[PDB]
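J.: These are the residues of each chain, in order.
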Amino acid sequence: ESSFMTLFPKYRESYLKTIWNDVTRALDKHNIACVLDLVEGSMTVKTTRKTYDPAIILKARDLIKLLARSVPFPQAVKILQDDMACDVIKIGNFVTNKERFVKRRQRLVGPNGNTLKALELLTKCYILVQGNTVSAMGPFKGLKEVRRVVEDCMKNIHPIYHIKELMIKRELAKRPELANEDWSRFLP
Amino acid sequence: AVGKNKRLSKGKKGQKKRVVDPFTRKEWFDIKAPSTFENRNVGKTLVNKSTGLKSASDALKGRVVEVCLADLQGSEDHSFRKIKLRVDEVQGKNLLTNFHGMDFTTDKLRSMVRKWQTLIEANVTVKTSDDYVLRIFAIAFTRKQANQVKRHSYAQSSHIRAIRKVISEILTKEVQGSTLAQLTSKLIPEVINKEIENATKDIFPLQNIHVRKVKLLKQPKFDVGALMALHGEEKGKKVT
Amino acid sequence: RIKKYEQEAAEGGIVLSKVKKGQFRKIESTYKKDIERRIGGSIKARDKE
Amino acid sequence: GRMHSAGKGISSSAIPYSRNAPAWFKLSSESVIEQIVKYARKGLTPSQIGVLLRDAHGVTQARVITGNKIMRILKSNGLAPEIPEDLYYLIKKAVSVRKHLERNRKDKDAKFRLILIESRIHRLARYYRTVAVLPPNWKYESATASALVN
Amino acid sequence: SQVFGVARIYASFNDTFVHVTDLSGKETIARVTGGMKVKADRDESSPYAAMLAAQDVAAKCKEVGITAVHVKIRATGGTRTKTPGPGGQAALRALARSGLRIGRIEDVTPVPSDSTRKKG
Amino acid sequence: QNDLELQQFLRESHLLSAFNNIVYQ
RNA sequence: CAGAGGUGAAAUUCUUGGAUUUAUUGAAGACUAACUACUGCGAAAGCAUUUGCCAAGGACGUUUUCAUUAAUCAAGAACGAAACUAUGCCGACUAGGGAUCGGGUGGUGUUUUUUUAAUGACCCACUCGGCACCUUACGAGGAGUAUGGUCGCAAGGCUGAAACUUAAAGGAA
Numbered sequence: 038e039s040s041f042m043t044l045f046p047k048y049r050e051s052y053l054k055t056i057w058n059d060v061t062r063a064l065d066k067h068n069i070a071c072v073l074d075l076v077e078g079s080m081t082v083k084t085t086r087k088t089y090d091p092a093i094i095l096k097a098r099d100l101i102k103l104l105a106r107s108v109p110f111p112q113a114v115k116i117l118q119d120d121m122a123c124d125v126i127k128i129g130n131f132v133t134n135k136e137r138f139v140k141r142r143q144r145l146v147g148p149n150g151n152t153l154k155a156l157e158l159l160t161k162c163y164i165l166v167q168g169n170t171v172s173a174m175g176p177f178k179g180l181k182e183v184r185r186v187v188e189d190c191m192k193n194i195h196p197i198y199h200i201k202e203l204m205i206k207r208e209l210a211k212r213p214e215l216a217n218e219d220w221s222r223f224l225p
Numbered sequence: 002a003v004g005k006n007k008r009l010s011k012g013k014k015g016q017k018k019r020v021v022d023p024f025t026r027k028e029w030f031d032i033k034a035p036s037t038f039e040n041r042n043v044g045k046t047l048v049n050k051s052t053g054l055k056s057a058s059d060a061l062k063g064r065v066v067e068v069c070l071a072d073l074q075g076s077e078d079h080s081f082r083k084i085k086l087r088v089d090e091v092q093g094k095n096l097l098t099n100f101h102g103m104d105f106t107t108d109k110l111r112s113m114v115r116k117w118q119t120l121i122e123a124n125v126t127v128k129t130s131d132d133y134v135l136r137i138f139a140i141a142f143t144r145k146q147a148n149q150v151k152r153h154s155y156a157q158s159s160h161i162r163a164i165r166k167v168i169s170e171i172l173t174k175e176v177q178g179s180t181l182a183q184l185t186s187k188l189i190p191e192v193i194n195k196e197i198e199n200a201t202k203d204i205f206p207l208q209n210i211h212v213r214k215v216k217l218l219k220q221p222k223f224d225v226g227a228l229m230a231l232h233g238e239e240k241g242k243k244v245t
Numbered sequence: 249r250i251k252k253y254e255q256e257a258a259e260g261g262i263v264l265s266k267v268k269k270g271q272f273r274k275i276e277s278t279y280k281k282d283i284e285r286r287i288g289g290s291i292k293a294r295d296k297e
Numbered sequence: 002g003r004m005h006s007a008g009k010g011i012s013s014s015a016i017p018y019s020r021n022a023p024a025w026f027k028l029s030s031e032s033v034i035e036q037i038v039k040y041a042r043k044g045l046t047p048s049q050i051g052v053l054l055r056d057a058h059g060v061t062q063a064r065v066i067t068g069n070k071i072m073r074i075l076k077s078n079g080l081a082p083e084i085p086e087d088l089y090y091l092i093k094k095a096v097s098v099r100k101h102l103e104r105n106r107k108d109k110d111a112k113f114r115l116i117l118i119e120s121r122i123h124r125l126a127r128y129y130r131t132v133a134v135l136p137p138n139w140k141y142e143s144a145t146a147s148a149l150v151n
Numbered sequence: 011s012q013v014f015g016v017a018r019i020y021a022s023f024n025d026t027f028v029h030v031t032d033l034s035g036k037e038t039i040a041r042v043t044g045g046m047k048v049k050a051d052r053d054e055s056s057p058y059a060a061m062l063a064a065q066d067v068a069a070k071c072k073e074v075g076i077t078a079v080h081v082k083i084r085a086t087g088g089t090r091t092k093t094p095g096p097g098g099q100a101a102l103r104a105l106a107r108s109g110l111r112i113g114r115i116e117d118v119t120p121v122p123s124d125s126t127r128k129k130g
Numbered sequence: 150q151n152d153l154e155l156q157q158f159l160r161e162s163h164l165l166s167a168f169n170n195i196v197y198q
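Chains as they are written, first to last, in UniProt numbering: chain A, 38 to 225; chain B, 2 to 233, 238 to 245; chain C, 249 to 297; chain D, 2 to 151; chain E, 11 to 130; chain F, 150 to 170, 195 to 198.
Don't read these hints as lab results, they were simulated from the structure. Errors might be hidden in some of the hints.
[To be verified] Quick look at which bits of chain E chain A covers, simulated, 3 or more residues with Cβ under 8 Å:
1) 32-38
2) 85-99
[Said to hold, decoys possible] What follows is a list of derived Cβ distance ranges for each label pair:
3) B/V114 <-> A/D219: 41 to 51 Å
4) F/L153 <-> A/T85: 51 to 61 Å
5) D/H123 <-> A/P148: 47 to 57 Å
6) A/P176 <-> B/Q92: 48 to 58 Å
7) D/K100 <-> A/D189: 46 to 56 Å
8) D/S143 <-> A/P148: 52 to 62 Å
9) A/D189 <-> C/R286: 38 to 48 Å
10) B/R152 <-> F/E161: 50 to 60 Å
11) E/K72 <-> B/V114: 37 to 47 Å
12) D/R99 <-> B/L120: 35 to 45 Å
[Said to hold, decoys possible] In silico DSS-like pairs for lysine-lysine, Cα to Cα no more than 27 Å straight-line:
13) E/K82 <-> A/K83
14) B/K145 <-> A/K54
15) D/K109 <-> E/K129
16) A/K161 <-> E/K92
17) A/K115 <-> C/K252
18) A/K115 <-> A/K127
19) D/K70 <-> D/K39
20) C/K251 <-> A/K54
21) B/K33 <-> B/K83
22) E/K72 <-> E/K92
23) E/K72 <-> A/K115
All residues carry an ideal CB built from backbone N, CA and C; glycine is no exception.
Just need the whole structure built from these sequences, with the hints factored in.
T.: Structure representation (structure tokens):
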């Protein structure tokens, strides 16, 4: 008999109260019980005596983590989906210069959100740049490329380079001629 | 990559024959908790074979098991903590382990740590009267009262130092006045938590108080009579 | 809606694209409803004044 | 400016309008005089003299209780200092920091602070020599520091 | 009545280990891998691969006498990613389907109490 | 920066995303 | 007991002297995860585990002390691979508003606790000083086409093969 708990601050308290019938519907559909506490700001999920997927309870743990980290409900359920995962990526501990750090992550998110929407769409992922952390949910490959790209952008390679690299790799994979080559003569 | 896709390295020049089944030759053992606990018997283990009972003895006395406190006490309020236990002596398919360490787990800690509050940590090394030198980690999170509108109830650094001092004092006093047996019998049923809380009720009211991690640094000399007493001599069959 | 969104992210800090001082922040809601054909980039009377 | 530190703070005493003592004061002017003299013989700086006399004995402020500022009292009774007390405290601070550095040769922050202190102490010394209240050939150096504090 | 053992699951984004072991952690009973199991070098991290690997380890366990498991799942952790893998999830599912009684799940993850890097 | 298809994909990224309900060729 | 790492797919590499994984450790030199900001500090470069110790500083409470000792500062002295979509009219400046950080006063009930050891958290108004955030009164060449010049640019013929109508082989067909 297993369970997990995680904590939310007050604004997410508001939206969580708003959505709670939905998360209980979904965890009902998978036969997992969940409880919301407004006094301790707490959120618990627990296994039943009729459930048969402790993998799904692990999923639900990561679910509630995402909800408290404030991605909305449709993305919550898309993480409860089978072949998906979310990932916390630390980017606080790279640049000593405060303004340089702030500037570099601003470059990551890109003007008018252009860079963010572009990389998200290419990777089928969903990305939330949270202060000194980055959260990424999606299919496993998508997370892999996202982690590499965000790390280089915290480093000193422009995501503009990375988006072009992803696009070229995308076309190369799309055309099924070269299934065993280096491709380095293609990539920039 | 068992098939033909992967090249031949040095690899399978000549490999030995899977002919033994070490599991054919192994042997089961049963282990038993110390008396501080309630559910005394916990699971099984294996040893290679007693052709060296020297080997059985030395490997087992080296052995260090861990356990879920839920199993070890039959209580799901005790569930959320782990324990480590050390093997000491073997007789009649019976390992009679002795306490080794104590832990929260990453899940409970990560759950516990909020965003808008103040974290508090304090370690201290002590020597129990049993001459077991030991190291205790206790954490504690500050909270707001019910009387609050402040979103964040932070702590002034003088207060934080004051309660580290107080927690170090209480840990020193308690371990010194205790032995290993009473110490475990205390840290299982949540007593130091409450005492720390009632003590620091004055400085800056807290919410979470916990003996996070207990580590053992060096044991005194082994004493089989004493440990046999702690848990709670046989004749053969004159087979011929 | 834009005030709700800025307050949302700012208050749970999610670094955003730096909009100018004048215009309206651009979001998926305005991309999808195609509102600026009817409202504009920003209040040009205020911009000229 | 609150020089060398950019905080614009203001924090000090005011002064009531009246140029007298409150009537409920009933101590001898001469009595407070010998208390001043006795504390000076004990070895307290004029600032501390004023502090003790306005805490312990309800003496509001000596400039009004008696006819003179307290080191004018001490000059009348032959106890002016050799250097003004603020300059003396600066000397003490400089000695402290220099000896600190000498045992601890890496505190660059302290080096910076010592620059600040030497600057201000030069300023004050210049003012005193402008009044000629201190001797004109008088200088600051570590030698004066050692031979005057030790 | 019930014979327990631990099972550590190493769930990379590239590989998969199921590793069943006596409660003390000394004498491991079984250990296979997606790379050991599948023939395509990249399917080695397929949930299908993890399913088969769990099948063989379950076979060994039901042979020797293991019947219930404390399962600890784990990722590469440390400086690199700290998220489990397709193998981990599918392997836990496959164990359940094989009927090995789940004793107790958790995540245990090699986490830095501080990093191992260089700040620029 | 002086590339032409990439910049275009960026500036159209939002449109494609909110009108998919991937194609950018 | 046979692969492991890796990648889009490879490969380099490690691997019966048992790698990767397992449990117990020991050593090694790094960095202080979470708590982490809206804020803290210092002149700036910068600053995060505990704890003494030396040594300095700010804001405040002061009916203490000095009596114009100061301002801005050309000099001089102190300290020290990046870049890659950012930009707000400015100033002798008026009323401010919420929220926060550091003191201080006053009320006031809860938490606290009681001749022993610290009279501390919270709410509240007034208050100075600081990071900020939001409102406000008022002010002294590029475009692009056109070219009877100059200066460069460089053109075709199957290959051979040219003084030879010349081979094999080749190209197209």
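J.: None of the hints should be skipped; say for each whether it holds.
T.: Results for each hint:
1. Here's how the stretch 32-38 of chain E fares: 0 of its residues keep a CB closer than 8 Å to some CB of chain A, so the rule of at least three is not met and the hint is violated.
2. Here the stretch 85-99 of chain E counts 7 residues with a CB under 8 Å from a CB of chain A, which clears the bar of 3, and the coverage holds.
3. In this structure, B/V114 and A/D219 meet the distance hint of 41 to 51 Å, their C-beta atoms being roughly 46 Å apart.
4. For F/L153 paired with A/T85, a C-beta distance near 57 Å keeps the hint of 51 to 61 Å intact.
5. Taken as a hint, the range 47 to 57 Å holds for the pair D/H123 and A/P148, whose Cβ atoms sit roughly 54 Å apart.
6. Checked against the hint of 48 to 58 Å, the pair A/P176 and B/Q92 passes, with Cβ atoms roughly 56 Å apart.
7. One distance hint, 46 to 56 Å for the beta-carbon pair D/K100 and A/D189, holds here, with the actual separation near 52 Å.
8. In this structure, D/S143 and A/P148 meet the distance hint of 52 to 62 Å, their C-beta atoms being roughly 60 Å apart.
9. Separation of A/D189 from C/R286 is about 41 Å and conforms to the stated range, judged on CB atoms against 38 to 48 Å.
10. Here the CB-CB span from B/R152 to F/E161 is close to 41 Å, at odds with the stated 50 to 60 Å.
11. For the pair E/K72 and B/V114, the beta carbons lie near 41 Å from each other, so the given range of 37 to 47 Å is met.
12. Remark: the range hint 35 to 45 Å for D/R99 to B/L120 is upheld by a beta-carbon distance near 41 Å.
13. For a cut-off of 27 Å, the pair hint linking E/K82 to A/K83 stands: about 18 Å separates their Cα positions.
14. Taken as a hint, the B/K145 and A/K54 pair is honoured in the structure, with Cα atoms around 22 Å apart against an allowance of 27 Å.
15. A hinted pair counts as satisfied when its Cα atoms are at most 27 Å apart, and D/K109 with E/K129 qualifies at roughly 24 Å.
16. Taking the CA atoms of A/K161 and E/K92, the gap is near 21 Å; set against the 27 Å cutoff, the hint holds.
17. Between the alpha carbons of A/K115 and C/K252 the distance comes to roughly 24 Å, so the proposed pair stays at or under 27 Å and holds.
18. In summary, the hint linking A/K115 to A/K127 is supported, as the alpha carbons are separated by about 23 Å, within the 27 Å threshold.
19. Pair hint D/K70 plus D/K39 holds up; C-alpha atoms about 17 Å apart against a cutoff of 27 Å.
20. Taking the CA atoms of C/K251 and A/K54, the gap is about 21 Å. The hint holds against a cut of 27 Å.
21. Of the pairs offered as hints, the one joining B/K33 and B/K83 holds, with about 17 Å between alpha carbons and a cut-off of 27 Å not exceeded.
22. Of the supplied pair hints, the one linking E/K72 and E/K92 is violated, its CA atoms being roughly 32 Å apart against a limit of 27 Å.
23. Using a Cα cut-off of 27 Å, the hinted pair E/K72 and A/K115 is violated, with the two alpha carbons roughly 36 Å apart.
Violated hints, in rising order: 1, 10, 22, 23; the structure is consistent with all others.
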